[PDB]
Structures are given as structure tokens and as C-alpha cells.
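Q: Since chain A is already given, all that's left is putting chain B with the ligands on it; use the hints.
Spelled out from the first residue to the last, the chains are:
Protein chains: 2
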Amino acid sequence: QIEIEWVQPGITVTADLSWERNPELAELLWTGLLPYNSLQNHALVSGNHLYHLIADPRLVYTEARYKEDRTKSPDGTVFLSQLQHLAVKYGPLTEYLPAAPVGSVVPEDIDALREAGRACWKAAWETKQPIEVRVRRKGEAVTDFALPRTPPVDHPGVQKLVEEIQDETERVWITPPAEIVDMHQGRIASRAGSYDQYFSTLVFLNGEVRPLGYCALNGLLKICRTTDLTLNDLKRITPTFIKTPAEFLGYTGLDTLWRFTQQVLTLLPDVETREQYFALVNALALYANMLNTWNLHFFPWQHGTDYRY
Amino acid sequence: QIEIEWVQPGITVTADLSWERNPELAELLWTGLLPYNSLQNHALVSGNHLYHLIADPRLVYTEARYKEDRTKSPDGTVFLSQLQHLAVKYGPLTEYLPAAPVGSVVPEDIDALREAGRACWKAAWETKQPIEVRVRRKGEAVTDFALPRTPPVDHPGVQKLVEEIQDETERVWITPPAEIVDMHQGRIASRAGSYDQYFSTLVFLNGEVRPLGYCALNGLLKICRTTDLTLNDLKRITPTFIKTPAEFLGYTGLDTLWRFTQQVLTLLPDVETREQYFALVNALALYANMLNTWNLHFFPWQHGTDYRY
Ligand SMILES: N[C@@H](Cc1c[nH]c2ccccc12)C(=O)O
Ligand SMILES: N[C@@H](Cc1c[nH]c2ccccc12)C(=O)O
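Chains as they are written, first to last, in the authors' numbering: chain A, 3 to 311; chain B, 3 to 311.
Rather than coming from a laboratory, the hints here were simulated on the basis of the structure. Among the clues, some could well be false.
Examples of chain B residues toward chain A, derived with CB under 8 Å [as the list claims (entries may be wrong)]:
id, residue
1, 48
2, 96
3, 136
4, 202
5, 210
6, 213
7, 224
8, 243
9, 250
10, 253
11, 258
12, 260
13, 261
14, 264
15, 267
16, 311
We put the CB at the ideal spot given by N, CA and C, even for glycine.
For reference, chain A alone in the conformation it holds in the complex:
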């Protein structure tokens, strides 16, 4: 049993964990991930779905034993995905992609859940109020949320950079990053956007950050942990999947993203172990995925009033 606290709406629900179908994932949440906090997003495509990022690389490569069509899942079902989400269905879904269930919100708490889901939708559609979520073991108080830090690494250069990136990831974990807020308000040093408007810039912002985190960066992580591709080859293929997106994004306004990427690309040829490679890339990957949660939050979805079925 776990509790899920949405702070701003002031709603807490309780969910039963199950080791029956996906024991490795249940065990991962129960033992390795809890307790944590995150920025709570609402799905913009999939339907009445809530997901939030968990700052732990294991979610990228841990396999499920059992997946089901998520639209057929009962409301209240809790999932874990390799996009590093914990997810909860609270109403109908259109996205029929397989998902890995690990439990469900107790029957007594479903109304609370749907109510909370609507509060989360309202925040992303209208108010832009960042909604903090706290997840912890049932009946275990926490007054200490801090992002995990990968074990230190025998390399002053790598470790220093890892710490810097992770620190920054924590700093803006539930606090809006200024470089994201600024772009949405048009405060953009480079004036990016054709013909004096920055709407397109926001679409490209929203568009490039997301795959860079979950696809390129997390892909490298997945490959690194689940295959025996050599360190030399990991090092070689990395600039190819991560340089251009970050560079273009740097111009649009993500100076910190692009700065971090340059320092990583700069250190990368000289790392000596797979452990060093992984901490370096993991730190950037989490930073990238963190930014996506804020784009999900801040992007003007409101325009969809003019795009109803």
C-alpha cells in the first residue's frame, strides 16, 4: 500500500501495490523509488491519464512481465513505464498502447482520484499552477524529498559535472525553470521564430526536448545497461543522437541544456569506464526529461478549443 498526495489540490489517495503480475516493477517502486516527489502532468493526447517523472534510471530498462491494453484497464489502475513514469488512469483513454500495471487506487478513493485528475487537467489547460505530487509508503512521513544521486565516480572531472547537472535538475524539479518560463512569455534573447512571432518556437521547443530525453538520451542509457556494446562504441554514437537537438534548442533559449551537452560531449571521449559513461549520460538524460514535464505543463494547449471533435 502507498499514498499519493497532490499538494495544491490537497488530495490524497491510497493504492494497493501488487507483486502478482509485475513483481520486479512492484519491488522497484516499493524498495528503490519510494518515497519521492515529482511534477504532476496530465496526458494531453492519451485521455484521462496522469503521469509524473520518477528520477531513477532503472525505470528506463526494467522489464515488465505483464502488459495490458491501457484503455481496457479499470479506472484507478497504477502503471510503471520505461518513459520513467508512474501513471494512473482516472477515466477513459484513447491510447491503446500496452502498459505495465503494478496496482490500483483503493475503491474508496476513486472519486477523490477523478476529482484530482480534473484539478490536474485544469492546471495544464488553464491556470498553469504547478502541481506537486508526493508518493510514499503508507504511513511513513517524509520531510525530505531530494532527487537520487548516482554513486560517486572515480573521476574528478566526470563527478563534478554529474553533481552540477543533478543539482540543477533538483533545483527546478518542482520549481519552474526560468529558461522554460521565459520562452513561453516571449523573453527570448535570440528572437527565435520566423517573422517576429515565437509561437512556432514553442512548438519546436515542445517538440525537440521530448524525444531528446526519452528517445535519444534514455535510449543510450537502455543500450548501455542491457547490451554489451563496447564503451568505445557508446562513446562514438553519443554525439550523433544528442548534439544537433541540444544545439538547435540552445539557440531557441535552452542555454543550460546546450551548455550541459557541450561539457558532456567535451568530457566524453576521455571517460575510462562504463560506470563513468553512464553517470555522465544519465545526468543529462534526467535533466532533459525534467524539462519535458515543464513543457507539458506550460505549453498553450488552450488553443484546442478551436480543435474539437
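A: Leaving out everything else, chain B with the ligands in the frame of chain A:
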């Protein structure tokens, strides 16, 4: 000397190619790429910048000898890009990323160039009328534009799928794909989009397709051609970068993309040679990059009127 003809606005300019700075590039265009047609897009972020797609894998990995800041290039400058573009500056740019020049539209055609530039803008911004560009060696008239096909490959199953995919890419080269048009009109069988709107779906359609093409797929082509990564490893790493994006887009409405990806992923472990790997990923790659051009064309950029600096 080449000729760039924009069909709809009835404008044809002449450009001098130069071997002074990027000989390998100028050569490739001159001997390898001409003549061709394409869909003319206009940059939505970079400024007064025209770019279109060229159906040749060599642009992905052929290296520039020289690059300069594009904001400082004279109006009229022609560039080739590893994004598979021929690009022309016709006014101020804000994107200061380096680009490889290969020539210039002649001085007496600059006015005609800026007319072509503004007309392409009108098509992206307001009209959504597809503009066809035709590019030729000066002198030699051209009647048939067919997409380049990779040389037949000693593997019938691979070769068949390669043919089917290339055929399809050719079919909707300058004629809009129904799957893209239908989505932008809300004709989406899965009703993807939270709370009965499909605007968010259009943002994600736009955002996911582009990196899948230029970053994941094209990245694998470049890795295959510019490094000696083993075939065994090329096959191992491929699904990690291309499955998840394609599956989600399939759900959102791109049935053909997801079907072509699944087929590629089924044949991929059976591939026997690098040449077989290359042709298979290359065909899927171009198709993906082809879809990007239509997203760039059809996405409702006009919303930018509420986002002026
Ligand atoms: N369903 C998420 C987005 C999403 C789900 N799976 C994906 C895979 C790739 C990219 C985006 C996604 C939303 O609507 O907010
Ligand atoms: N210039 C393109 C966008 C672009 C340029 N370079 C990129 C690299 C990655 C992604 C997008 C881009 C436009 O504004 O239309």
C-alpha cells in the same frame, strides 16, 4: 550554374555553384543530386530561410569542409545540410548555427528570390498551398522526376519492402499524404487527444515525426556509413531508437509509418549485410523525413499572430 524553379508562383532563379569552399558538397549536388524536385518549405523558426528535402542518403553523412554562421551569409546563399536540405537565405536569419555554403543565386535574381521567399511564407502561414520546387543544371530541360532508388540488394524480402516503401515515399512526394491531411482536419480514427480536442495531437504529431527522421533514423544511417560499428551492433541498437516513437504516432494516425516500422523491425535481425541494413533503414528514414515536410507545411502556424515580439 543551376536553376531553381518554384512552380506555383512562377519564379525561376539562377545560382552559381562554388567549389571554393565545399568541393565535395558542390560536386555531389552537381553530379549526384541534379535534377530533382521537392516540396518547398519555409523555416518557421530560423527567419527568412527556404529549405526543401532531397531524396539522397549521401547528404546525411557527406561532410562540409567549410561552415559559416548563416546569419552572416549574404542573401542568396545556397547551403547543403546533413538534415538532407538544400537551403537558401533570402533575408535576415536569427539562427546562428553554422551551415555549409555551396553557392549563390545570381545578383540579378535576388528580387525574384525574395518574392519566392515571401510566397512560400504565404503558403506555410495562410494558404497551405503546396509549392513544388524543381532544381536543374542550367541548360538541360527536365521532364520526369522520380525518386532515387537504392541499388537492388541481395535479399529478396528486404528488397521487396524497400521497393514498397520507396514507392510510397515517391507517391506522396509533392502530393499530400491523406494520413497527414486527415489528422490536421480532425479525421483521426482513434480520436487521439485529451478532452475531445486534437490540437495537442497535432503538436505531438509535429514534434515526434521530425526527430524520428532527422535524429534517430538519419543518425543510424550516418553511424552505418561514417563508422565501422559492426553489423551485429547496428542491428542491436536500431529498435531502441525507432520503435516507441513510431508506435505512438501509429496510434495518433500514422498507420503507414507504424506498419512500415514493424515490417522493418521484423526483417532487421535477418539482415545479412551492411548494404542490406543500410537500404532497409534508409527507405524508412526518407519516408519519415518526408512526413516531416508535410507537418511543416500543414501545422496551424497562424496561431503565431498572438505571439508577436
Ligand atoms: N501520452 C502522453 C504522451 C506520450 C505517450 N507516449 C509517448 C511516446 C512518445 C512521445 C510522447 C508520448 C500525453 O498525451 O501526454
Ligand atoms: N530551421 C528550421 C528548424 C531547424 C533548423 N535546424 C534544426 C535542427 C533540429 C530541429 C529543427 C531544426 C525551421 O525553422 O523551420
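Q: It remains to establish, for every hint, whether it holds in the given structure.
A: Hint check results:
1. 48: holds, 7 Å
2. 96: It holds, given that the least Cβ distance between residue 96 of chain B and chain A is near 5 Å, below 8 Å.
3. 136: Violated: closest Cβ of chain A sits about 24 Å from residue 136 of chain B, beyond 8 Å.
4. 202: holds, 4 Å
5. 210: Hint holds; residue 210 of chain B Cβ to chain A Cβ min 7 Å, cut 8 Å.
6. 213: holds, 4 Å
7. 224: holds, 6 Å
8. 243: holds, 5 Å
9. 250: holds, 7 Å
10. 253: holds, 6 Å
11. 258: violated, 18 Å
12. 260: Cβ of residue 260 of chain B sits 11 Å from chain A, so the hint is violated.
13. 261: Where the cut-off is 8 Å and the nearest Cβ of chain A is about 16 Å from residue 261 of chain B, the hint is violated.
14. 264: violated, 14 Å
15. 267: Hint on residue 267 of chain B: violated, closest Cβ of chain A at ~15 Å, above 8 Å.
16. 311: holds, 5 Å
Of the numbered hints stated above, those contradicted by the structure are hints 3, 11, 12, 13, 14, 15, listed in ascending order.
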